[PDB]
Structure formats: C-alpha cells, structure tokens
Amino acid sequence: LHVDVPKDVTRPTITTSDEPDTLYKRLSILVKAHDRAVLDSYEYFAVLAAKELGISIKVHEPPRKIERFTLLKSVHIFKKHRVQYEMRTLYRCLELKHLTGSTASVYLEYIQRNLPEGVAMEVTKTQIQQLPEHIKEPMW
Amino acid sequence: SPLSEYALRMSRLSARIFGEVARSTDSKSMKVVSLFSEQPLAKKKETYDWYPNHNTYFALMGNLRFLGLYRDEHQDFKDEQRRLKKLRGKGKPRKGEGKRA
Amino acid sequence: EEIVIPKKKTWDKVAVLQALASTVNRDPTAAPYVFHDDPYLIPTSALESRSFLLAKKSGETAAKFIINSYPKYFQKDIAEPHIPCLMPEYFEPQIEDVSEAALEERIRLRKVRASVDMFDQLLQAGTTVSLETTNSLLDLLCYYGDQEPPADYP
Amino acid sequence: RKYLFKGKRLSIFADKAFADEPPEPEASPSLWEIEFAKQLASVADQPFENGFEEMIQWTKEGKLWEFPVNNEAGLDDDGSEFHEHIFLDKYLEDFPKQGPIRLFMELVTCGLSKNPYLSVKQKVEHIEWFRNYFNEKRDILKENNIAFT
Amino acid sequence: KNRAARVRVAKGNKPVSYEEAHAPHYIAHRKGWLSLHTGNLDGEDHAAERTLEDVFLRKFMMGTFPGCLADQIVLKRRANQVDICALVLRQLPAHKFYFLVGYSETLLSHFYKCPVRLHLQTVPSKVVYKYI
Amino acid sequence: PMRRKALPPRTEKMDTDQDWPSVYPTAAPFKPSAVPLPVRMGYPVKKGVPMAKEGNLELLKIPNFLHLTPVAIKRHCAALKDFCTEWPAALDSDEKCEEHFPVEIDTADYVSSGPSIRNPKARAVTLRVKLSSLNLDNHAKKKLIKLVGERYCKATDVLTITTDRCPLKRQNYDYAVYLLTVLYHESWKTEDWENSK
Amino acid sequence: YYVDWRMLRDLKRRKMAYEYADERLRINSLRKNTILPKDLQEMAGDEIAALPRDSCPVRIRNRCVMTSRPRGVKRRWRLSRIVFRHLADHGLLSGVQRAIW
Ligand SMILES: [Mg+2]
Ligand SMILES: [Mg+2]
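Chains as they are written, first to last, in the entry's author numbering: chain H, 9 to 148; chain Z, 2 to 102; chain 4, 56 to 209; chain Y, 236 to 384; chain C, 36 to 167; chain 1, 44 to 240; chain K, 28 to 128.
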C-alpha cells in the first residue's frame with residue numbers, strides 16, 4: 009500500500025501471570041521428511057526464527073533411514089520376477105537450550121504452524137525443577 | 002547363585018514400590034497380568050475398523066448422482082449397456098418367472 | 056543464592072495468529088480474499104462480485120442440505136478432538152410423549168405451530184405447566200409473531 | 236458554539252452512583268436476547284481478508300488444531316489421578332482376604348494397574364465381573380475348600 | 036515388457052503431459068509425488084487411512100468436475116487441514132466454479148471431519164509436454 | 044454465448060518495491076498468476092527448455108516457502124518477541140542448573156498430519172535425578188541403589204524412572220514423582236531384616 | 028455394498044469379536060493360570076466354547092479393502108500387492124518410490 013496504511017494495528021493481549029514459569033534445559037525438535045531440500049529450507053526458517061527471538065540453537069543431521077520391501081510384479085505366477093519399493097526418511101534435529109516455558113510455546117507454535125506438508129515433528133522437551141518438598145527433608 | 006534373605010526381601014520391597022508382581026508366579030500365571038495389561042486384538046482400531054464403510058460410499062455417491070452433483074462414468078456406461086441389452090430381449094427375468102418353473 | 060524464575064506470560068489460543076496477522080497488509084494488486092485467485096475466476100465487474108459470492112453461498116447450502124437430509128452418511132467421527140460444527144444437525148423434536156418436557160424441547164427448537172399444538176394438548180389433559188415454561192412459549196410466539204421461522208428448502 | 240458535551244442536558248436521569256445493580260443474566264438467555272446478540276455480530280461481520288483471519292475463525296470454532304500441538308487436548312479420563320489407576324486393591328475387599336481367589340485377583344489387579352487403554356470406571360467393571368462370577372460358583376468353590384463371600 | 040503406468044509410443048500424434056510421459060522409475064527423480072502427508076515416514080501411523088482418503092478424494096473431484104480437470108489433482112495435508120490443488124480447464128462459466136468449490140469443500144469437510152480447501156488454477160487448454 | 048476471457052496476470056501490476064509479505068501472507072499453493080518470477084521446472088525435452096510456470100503441475104507439487112521469506116520471518120519474530128520471557132541469567136551453565144534444579148523431566152510431543160491429534164507415545168514420561176543431589180546417608184544410598192536395579196547408572200550416578208503405565212501424561216508425570224518419594228523415604232527407613240545382610 | 032460376500036462375512040466377524048472381547052478376556056483369564064481350582068478352569072473352558080464362533084478373533088482374515096484379496100496384502104496400507112502397485116507406480120502414495128540400489 010502506497011498511501012493507505014493502517015494507523016494503530018490491534019495487537020493480542022499478553023497478561024503476565026503470578027505463576028512461575030517452566031524452565032526447559034533442552035528442547036530437541038526432530039523433523040522428518042522424504043525430501044532433503046524441504047528440510048534445508050525448513051532448517052533455514054527455524055534457525056533464522058530462533059536467532060531473531062534470542063534462542064540458542066544447534067543443528068545436526070541424524071543418519072537417514074531407507075525401508076525397502078519386495079512385491080510380486082505379475083498378477084499371476086512368474087514368481088522370480090519382482091518389483092521393489094522403498095521409502096526414504098531424512099532427519100534434521102534442532103537442539104534448543106535454556107528456554108523458558110513462554111518462549112518455548114510461542115516458538116513451537118510459530119514453527120509448527122509453518123511445518124510444510126510431508127514433514128513430521130517430534131518435540132522432546134526436557135524440564136528442570138526443584139526436588140519435591142517431602143524429599144527435601146527426610147521424615148520417618 | 003542363590004538369592005539370600007536380604008536379596009529376596011529387597012526384591013519384594015522393590016516390586017511393592019514399583020507395582021510389580023510381588024509373589025513367586027509361574028510363567029503360566031503371568032499371562033493373567035499380560036491379558037489385563039494389553040489391549041486385546043479385537044479391541045484395536047486397526048482390527049474393528051479395518052474396512053472403510055463401503056455402504057456409506059456406495060450409497061452416498063449414488064444419491065449424489067441422482068441429485069445431479071456427481072457423474073458416475075462407470076454407472077452411465079452400465080446403464081446404457083442394460084438399455085441396449087433389454088432392447089435385444091436379453092434383459093433380466095422377473096423373479097419367480099425364470100426359464101425353469 | 057535462590058534463583059528468580061520469570062513469571063509465565065499467558066495468552067489466548069488465537070493470540071499468536073493475531074500477532075502474525077498484524078504484520079501483513081492488504082495486497083493492492085489482488086482481489087478480495089473471498090474471490091478465487093485465478094485470472095479466469097477474478098470478478099471483473101461489481102455484478103459478478105455479488106453473483107460469484109451468491110453462487111458460492113448456493114453451493115454451501117446445497118452441501119448442507121445433503122448433509123442434513125442424509126445424516127447417516129455423515130455420522131462417522133474420526134476427528135480428535137471432536138469437532139461439533141462438522142456434524143449433521145437435527146431440528147425436529149425427538150420426544151414423542153406429550154409432557155411439559157416435550158413442549159420445552161419444541162420451544163428450544165423454536166417450532167411455533169408444533170409447540171402450540173402440544174401446549175393446547177397439555178391444557179386439554181390439564182397437566183400442570185410451569186409459568187417459566189409458559190413464558191418460553193410466549194417468547195417464541197411473540198418474537199416470531201405466530202409464524203414458523205423463515206427458512207429455505209426444496 | 237455547538238459543543239458536543241458543553242451545555243444543558245435533559246436531566247431526567249441522575250448520575251449512576253449505583254451501576255449495573257441487576258446482573259446481566261437476570262434470567263437464562265431469552266429468545267429476544269439470544270437473537271439480538273446474533274444481529275450485533277452481523278453488524279461487524281466482514282469476509283476474511285487473508286489466510287490468517289480464516290485460520291483464526293477455524294480456531295475459535297474448533298475446526299483447526301490449537302498450537303503448540305498437544306496430543307492429549309480435550310482428553311481427560313474423568314479427571315482421575317495416578318493413584319486411582321495404580322492402587323486398585325480397595326475394590327478387592329469383598330473378595331476373600333486370603334487364599335487362591337486372593338492370589339488370582341492380585342494378578343488381575345496388577346495387570347489392570349499397568350493398562351493405559353482403560354479408564355478407572357472400566358477397570359472397576361472387570362473387578363465387579365469376577366465378584367459376581369465367583370458368587371455364582373459358590374457351590375463349586377466350597378467343594379474345593381474355598382469360601383467366597 | 037513392463038506395462039505399469041507407461042503411456043506407449045504410437046506415431047508421434049499422441050499428446051502426453053509431463054506427468055504421463057514419465058514412467059514409475061522416474062518417481063523421485065524427474066517427477067514428484069501427487070500426495071504429500073506424513074503417514075509413510077518412519078515410525079508414523081495411519082498410512083492406510085490417508086491412502087484410502089486419497090483414493091476417494093480423487094474419484095470425487097473427477098465426478099464433481101466432469102471433463103473440467105486438465106491434470107491429476109495434488110493433495111497437501113498440513114496438521115488436520117486438507118488442500119486440493121487441481122488444474123481445471125476453462126470450460127465452465129465462472130459462477131459455476133464458485134458453486135462447485137463451495138459445495139465440494141463443505142461436503143468433504145463434513146465427511147472427513149477436517150477443514151478442506153480447494154485451490155483451482157485455470158488453464159486455457161491441457162499442457163502438452165511432448166508428442167509421442 | 045461468447046466464452047469467458049481470462050484477465051491478464053496480476054504480476055504485471057506488481058512493482059519491484061512492493062511489500063511481498065502482503066502478497067503471500069500465509070502458506071498457499073504456487074499461483075503462476077501471483078508469483079512475479081520467470082521460474083521454470085521440468086526435465087527438458089531434447090532441443091527444449093524446462094516447462095514454464097503456467098500450467099506446471101511440478102511447481103504445484105512443491106511445498107514452497109514463498110510465505111516464509113527473510114523479510115517476513117524478521118517481521119514476524121518482531122511481533123512474537125512480546126510473548127517470550129527471559130531465562131534466568133544466573134543459570135549460565137549446565138552444572139549451575141543441576142545445583143538448583145536437580146530433577147529432569149522428559150516429555151515428548153508429536154506433530155503429524157491427519158484428522159486425529161492422538162499419538163500413544165505422548166503419555167510416556169521420564170524422570171532423571173542424580174543421587175548426589177539427593178541427601179542420602181551411606182546406608183540410604185546403598186538401599187536406594189539396590190531397590191532401583193538397572194535404573195541406576197554407576198558411571199553417571201543418574202537414576203532414571205520411566206513411567207508410561209497411566210493413560211495421560213499428567214498422571215504419568217505425577218507417578219514418577221511419587222516413585223521417587225517412596226524410594227527416597229524407604230531408603231532411609233531401616234528394617235530389622237537388613238541387619239542380616 | 029461391499030466388494031464381495033467374503034468381505035461382508037469378514038466385517039461381521041470383526042464386529043462380533045469387538046462385542047465379545049471383554050467377555051472372552053475375562054473368561055479366558057480364568058483358564059490361563061495355575062492358581063485356581065481345576066474344576067473352575069474346566070467349567071470356564073466350556074463357557075468360552077459356548078460363545079458364538081464368530082466371536083473368536085482367529086477367524087478374522089486381513090483382506091484388501093479395495094479388492095477383498097485374501098493374500099498378498101500389505102498390513103500398513105491394507106491393500107493387495109496389485110492395488111498397491113497401481114497407486115505407487117502413479118505417484119499417488121506419499122513418499123513411496125521404486126528401490127534402485
Ligand atoms: Mg463379483
Ligand atoms: Mg489367519
């Protein structure tokens with residue numbers, strides 16, 4: 009828009025509660041896809057998004073898995089003649105560190121809502137909390 | 002090696018805490034725990050919902066064809082083969098009036 | 056020594072989408088989002104704009120008619136969580152017995168003539184009817200002025 | 236001159252020292268109030284301006300999943316607790332306190348505690364079934380020297 | 036000789052699209068996949084249900100747009116959203132497409148209990164990759 | 044009854060200094076009439092060039108990132124900053140975290156495409172605590188290590204409690220915390236039969 | 028309409044096994060142990076036998092959902108080898124390709 013621009017855009021209401029926040033020591037995001045190029049583009053979007061919000065991120069590529077199975081090519085007899093099929097799974101692991109519970113929800117929503125078709129995520133949150141108050145003091 | 006009293010009494014204290022079988026149970030009697038801890042084969046969604054509802058698809062699409070919102074090339078092909086076959090006198094006989102009396 | 060943990064912020068389920076929406080502005084070279092984004096399907100004139108939307112509303116009503124008329128084919132629910140707004144609707148009373156409860160159902164469904172018949176039948180028997188229930192009937196009749204709610208069907 | 240908020244007023248009413256004394260839902264929403272609200276929404280009802288506004292509406296209607304994804308969204312097993320699922324020996328009080336029936340029900344209740352696919356109500360039904368089963372077989376049990384209830 | 040999904044040679048007068056020209060061994064090499072979901076990835080469930088839904092969704096669009104489909108449809112699943120991307124010939128009037136889009140979306144959203152959207156790109160005529 | 048004519052593509056009216064994020068606000072399919080780029084895709088025929096964007100099924104088959112561009116992502120995250128909360132500065136190291144927060148709770152989420160959001164693996168929970176963090180007497184630590192069996196790792200001195208028996212994640216989480224409390228309190232208790240070791 | 032009468036019989040077998048799953052579990056648990064009197068086990072051995080034969084879950088056969096083929100089926104997709112190859116060889120299965128190596 010050249011001349012016609014919003015004046016005071018409405019922004020969502022964020023209210024700070026009195027409950028303490030979760031503390032995630034680690035947060036591993038394992039994305040899976042049949043296509044390597046899609047993971048490269050998603051890895052760029054996720055690393056850029058993390059860096060813009062202040063999150064610390066690292067990336068590595070777990071070894072790919074190829075599952076192969078054999079089928080019978082003909083409809084009837086001709087046993088020795090087969091057709092083989094495979095499904096390839098490729099992985100990109102985004103290991104985040106030192107996240108509060110509010111930072112991990114907004115980030116995961118933003119990147120989960122933009123998860124391309126054919127891509128599956130496996131978030132593995134690792135929370136750190138104090139000891140139970142009963143355990144803190146031995147009681148007989 | 003054998004399990005001494007301390008070893009055996011510790012094992013029972015552990016099972017009691019972790020909700021495991023506490024007594025000495027034969028392999029045969031451990032199936033009762035397996036039967037009641039695992040979903041039976043007939044109760045799994047893969048088993049009872051193995052098939053799509055073939056009645057819902059066939060009925061729904063047939064109704065849409067009669068409403069003019071779906072076109073079944075396969076049915077139109079068969080509907081015209083029946084028309085031509087009936088003209089040739091090879092149509093379906095009426096029930097109870099077949100060639101054999 | 057004791058660490059200070061930050062106080063967790065909270066927001067509505069749609070809050071994140073609302074924030075992302077605020078960033079984007081109207082596309083000056085595109086037709087309204089309702090209209091299909093294809094050169095063949097973009098409304099050239101103002102008459103086509105209304106016609107294109109009325110044809111869309113007509114197709115939505117044709118589907119809702121089929122879903123509400125053959126509900127048995129639209130009853131399998133495979134959505135977790137369950138989506139209430141994607142289930143067939145039922146508007147006809149399913150309580151057959153003639154009781155104050157049955158009248159209340161018809162009033163809830165907003166049927167005017169059927170409710171009057173069951174109210175009169177209740178009076179014919181003489182069974183007690185609550186003043187609050189009798190008011191729910193008058194509300195329906197007074198608001199719709201004794202005429203069945205407007206609707207469109209074959 | 237024509238000041239919008241400077242000048243004489245009707246003065247029939249007085250300043251509302253008391254405000255909204257009667258609650259808004261004085262009665263359950265009537266057809267009149269339920270229908271007026273539907274019309275107020277239509278006043279500001281405009282079509283979607285982008286895919287974000289469409290997704291927001293689906294979210295408000297439950298059509299679209301909420302994010303971040305929760306695989307147990309809306310899935311509460313009657314608001315139970317872990318101790319309800321795990322400790323099930325309270326329901327075996329009717330059964331003999333010792334003997335073969337107790338030994339068997341111990342194995343039954345051990346499996347039920349390790350069952351994540353059943354609710355507490357369903358697990359109790361399995362226990363109740365055996366209670367009635369052994370009651371019917373009182374005569375066979377007595378022959379084997381087992382006394383039930 | 037292999038016959039699977041192979042449009043055979045005639046006398047150089049048979050138009051074939053890019054999708055039709057390429058035999059099965061070119062899948063993942065020269066041409067991609069028409070459906071993209073997460074059900075065939077490693078350690079994923081509900082492949083059978085995604086595959087059955089696709090078979091139906093393709094027969095539905097063929098009948099609902101008879102003679103108006105220039106190429107096979109592309110199905111894209113994101114979260115619980117379904118997206119159908121079809122190349123459609125410009126045969127029908129414009130207002131008729133708006134009817135079939137509203138109808139096909141509402142009907143398939145109340146049948147599979149998911150939000151379904153239809154994306155139509157209109158072509159002047161079928162695109163010919165090569166004459167074989 | 045003249046046939047309808049298609050309008051010229053709207054890319055023609057697009058300036059080179061436009062606000063592209065506004066053009067593709069959200070994930071959409073590739074629209075050759077809205078993407079102002081002469082992109083070509085397709086294995087070319089001999090003496091031929093790759094196919095053009097219009098009527099290109101291959102470009103439609105791609106999960107494009109047009110909505111996610113470096114300009115959009117930076118503008119998006121700028122709005123999303125208000126949501127984030129600051130990590131406590133004191134916990135600048137992993138060792139510092141173990142001192143004040145010795146208990147590590149592992150929970151897993153799964154995101155897939157389909158009508159159902161349910162995955163059986165989401166119920167499982169895993170608690171990890173180091174025995175050094177727990178206040179254990181020489182007697183208690185030996186009793187704790189014998190009861191837990193293989194859950195304890197001598198090399199790392201970490202106790203691992205994995206709970207998936209309960210249906211929900213909030214139940215499995217509360218159960219592992221319970222298992223720790225009973226094991227700790229039981230370890231301190233001394234039984235008469237223990238003197239016969 | 029289902030594909031054939033064989034698929035129809037299978038569907039009924041799958042729907043009657045789901046109804047009798049809890050019952051056949053509770054009764055069969057009384058038999059798969061060594062802790063209960065053999066007289067009770069012999070009587071439970073006949074209560075399970077008296078249940079209808081279609082409740083037995085070993086009478087279910089996995090058939091192609093689209094052609095009702097009893098053998099050649101792949102359990103992950105519930106399709107026969109012939110039907111699977113038609114969808115795979117046309118690019119219609121998401122992520123399935125030919126195996127060259
Ligand atoms: Mg036949
Ligand atoms: Mg068999």
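A portion of the hints provided could be inaccurate.
Below are the EDC-like pairs computed for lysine to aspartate or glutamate, each with C-alpha atoms no more than 16 Å apart in a straight line [claimed, not checked]: (1) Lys112 (chain 4) with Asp207 (chain 4); (2) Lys372 (chain Y) with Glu46 (chain K); (3) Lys127 (chain 4) with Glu115 (chain 4); (4) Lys161 (chain C) with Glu141 (chain 1); (5) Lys94 (chain C) with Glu21 (chain Z); (6) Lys119 (chain 4) with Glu144 (chain 4); (7) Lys164 (chain 1) with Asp80 (chain C); (8) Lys46 (chain Z) with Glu46 (chain K); (9) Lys164 (chain 1) with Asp135 (chain 1); (10) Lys232 (chain 1) with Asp16 (chain H); (11) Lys44 (chain Z) with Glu69 (chain K); (12) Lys66 (chain H) with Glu94 (chain H); (13) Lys144 (chain H) with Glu141 (chain 1).
Since the hints were derived computationally from the structure, they do not count as laboratory data.
Each hint, compared with the structure:
no. : hint                                   : result
1   : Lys112 (chain 4) with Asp207 (chain 4) : holds (13 Å)
2   : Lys372 (chain Y) with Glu46 (chain K)  : violated (24 Å)
3   : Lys127 (chain 4) with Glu115 (chain 4) : violated (19 Å)
4   : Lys161 (chain C) with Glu141 (chain 1) : violated (65 Å)
5   : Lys94 (chain C) with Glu21 (chain Z)   : violated (53 Å)
6   : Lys119 (chain 4) with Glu144 (chain 4) : holds (9 Å)
7   : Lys164 (chain 1) with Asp80 (chain C)  : holds (11 Å)
8   : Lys46 (chain Z) with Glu46 (chain K)   : holds (13 Å)
9   : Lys164 (chain 1) with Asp135 (chain 1) : violated (32 Å)
10  : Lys232 (chain 1) with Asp16 (chain H)  : violated (66 Å)
11  : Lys44 (chain Z) with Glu69 (chain K)   : violated (26 Å)
12  : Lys66 (chain H) with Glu94 (chain H)   : violated (30 Å)
13  : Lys144 (chain H) with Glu141 (chain 1) : holds (15 Å)
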